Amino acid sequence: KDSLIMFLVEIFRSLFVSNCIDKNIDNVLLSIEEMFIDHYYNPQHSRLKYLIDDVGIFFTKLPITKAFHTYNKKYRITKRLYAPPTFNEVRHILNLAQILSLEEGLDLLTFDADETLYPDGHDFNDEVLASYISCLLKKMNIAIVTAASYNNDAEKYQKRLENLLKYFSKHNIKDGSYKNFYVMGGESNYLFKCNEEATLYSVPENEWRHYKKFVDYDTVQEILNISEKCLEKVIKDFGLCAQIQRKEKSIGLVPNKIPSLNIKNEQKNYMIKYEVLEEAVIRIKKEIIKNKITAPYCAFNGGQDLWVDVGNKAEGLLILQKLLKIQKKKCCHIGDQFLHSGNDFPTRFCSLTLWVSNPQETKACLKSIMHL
């Protein structure tokens, strides 16, 4: 999966089966930690980069030993005789390592709204999570990136975040922290800020265009025309009850409504096989490569529909850092990598990335971020 996860899972497995994972293993942990730290420095010529090829680049000194100790002290995974450490536990350990790797602090904490803030595609609904974000909003900038495209219509994005903004309306104006909240819609196309009354307003395109690689109108129209023709053939090729929904910088395969059983709800969405949505995503990806298009884009399978957006969240996060004069060692992103099979734009090449997979894990991560 994420290669360095598998790198430590396998090592902990050997430590487990050799029957010593519950004894003093600091000789191994510190030997990896200095490998990690020698990757902070000279990352082009580390021994780490030799062992794992797709390590990427570390923006920080990762205290992997302290992280293992802290996580093992709480959950006691080395006390299990038959269940060795898992992929998800190592995922936590690195998440914790990256957090404590910011003792110098961060100035920008960014969320993937679709993966962490909206449960099951709904609107924000978590008074506990909104508590922690508001707390952190006082100490740093907090931006929220989402693939939802409602042009620059600030009211439409507000509906998805109203409970969260309603929390801001009681804990984040007396100290003026609302100035540090940012929302990036359309992956990287529509930017919003917060006003005194906890209400989203649009930052006009002229004020931040200078930080985004310009993309021609005809090239964004060619990306959507290419995808249009692709989806049309997918519809014909699989007998889909669906049609194409074209927006200004997006285009989507949306399922139709069809009847149910009279005893159930009398209308439901047509269901597109996950296989057919995967077939279409890379079908589109290949025709875009066939036309030698360099513009950043994003084609994803999301639940019951498919969307092609001209811009990707990776570009948005760079745009936010170029905008607020922050460089990568002082900002991190929170998303869920189980949700995009598309390895492209792994977010970790732009900022520190935390991998969380349910609201409880997200709150655990923020709790750690408050206590620095």
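Residue numbers count along the first chain shown, from 1. Superpose the two forms; the largest set of C-alphas matching within 1.5 Å is the rigid core. What changes on going to the form deposited in another entry:
- Once you line up the core between the two forms, the CA of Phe300 is the only one from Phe168, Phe300, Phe111, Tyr157 that shifts by 2 Å or more.
- Rigid-body analysis between the two forms: the smaller part rotates 8° against the larger, C-alpha superposition.
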Second form
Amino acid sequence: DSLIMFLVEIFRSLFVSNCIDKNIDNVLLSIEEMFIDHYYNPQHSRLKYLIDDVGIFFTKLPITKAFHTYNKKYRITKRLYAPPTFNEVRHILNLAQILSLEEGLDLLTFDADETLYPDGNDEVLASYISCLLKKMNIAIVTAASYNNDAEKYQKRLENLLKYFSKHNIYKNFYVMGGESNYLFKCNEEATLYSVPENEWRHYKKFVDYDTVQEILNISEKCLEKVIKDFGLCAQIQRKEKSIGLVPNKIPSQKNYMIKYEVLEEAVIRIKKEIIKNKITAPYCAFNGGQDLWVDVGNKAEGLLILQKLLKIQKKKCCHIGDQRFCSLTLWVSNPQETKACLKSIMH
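Having displayed the form deposited in one PDB entry, please output the structure of the form deposited in another entry.
Here we give the lone chain, stripped of any partners or molecules.
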């Protein structure tokens, strides 16, 4: 991330010049003003000249207030031998984006790929998530596709729903499967039903069936090449609007393992070949540590569906994931961070 680096180099220079524990507010306010000017002029701001991939700011980032708030609690400027690190500046930018939600947020989305759990939960999470549900809409997005088989989505994340049956009552909880292709809701008794197409068919970006089938054919061709090239013991699974690469199960249980480097290569191979056919339709190929899934859809399309379905402005939506231009983003990497951010959001 060039935005985090950008700040890391600056903090490193203040640290090595021996004034980082002094009053650096003159530098922080000059940085904050560049952020705010980019908020009004995302296309031609000077911040755009420094960071080409800066993206878009839906909020006025209070980075100065975030630095003081982070420094007071963790006291990183008292360090004499290690300047602020990449991971620490990452939490500061999360805090700045959390703090920028002064007007409140009505939509909160969770990337449930790996950030939330390795397998099937956390009660402190479920307790914190439930508190937020009464305040505003929440949503959970999965890259796995089981078509519309609602029972399969429940198996991967059933424990958190058990808390919701108690201490709730409500209808402000949503689950998105296939990245942006299947949207479910919740009734009363430990539920998992699918909203009909009429409620959200128009909001989905229009794509042809043959175009959808074309992407899966291209991805199917690449994975076979990946399987044969790296000699993996794996099987390909094609679905309606998705295709996935899964490892073989050890005969007897537990499944075999694919090296993480090979999965990262296949994602680049698939993404590159899709661009070769000049396909403009939305798509995404996600690596889940042990699985590879290609969906005809992306988090951006699914995020827009929820904003348009629930009539929420983009400034009131927030996303938490391990990995764009349509919602505020918090970068985490473990469930404890997800609960750590959610604890800060409670105010």
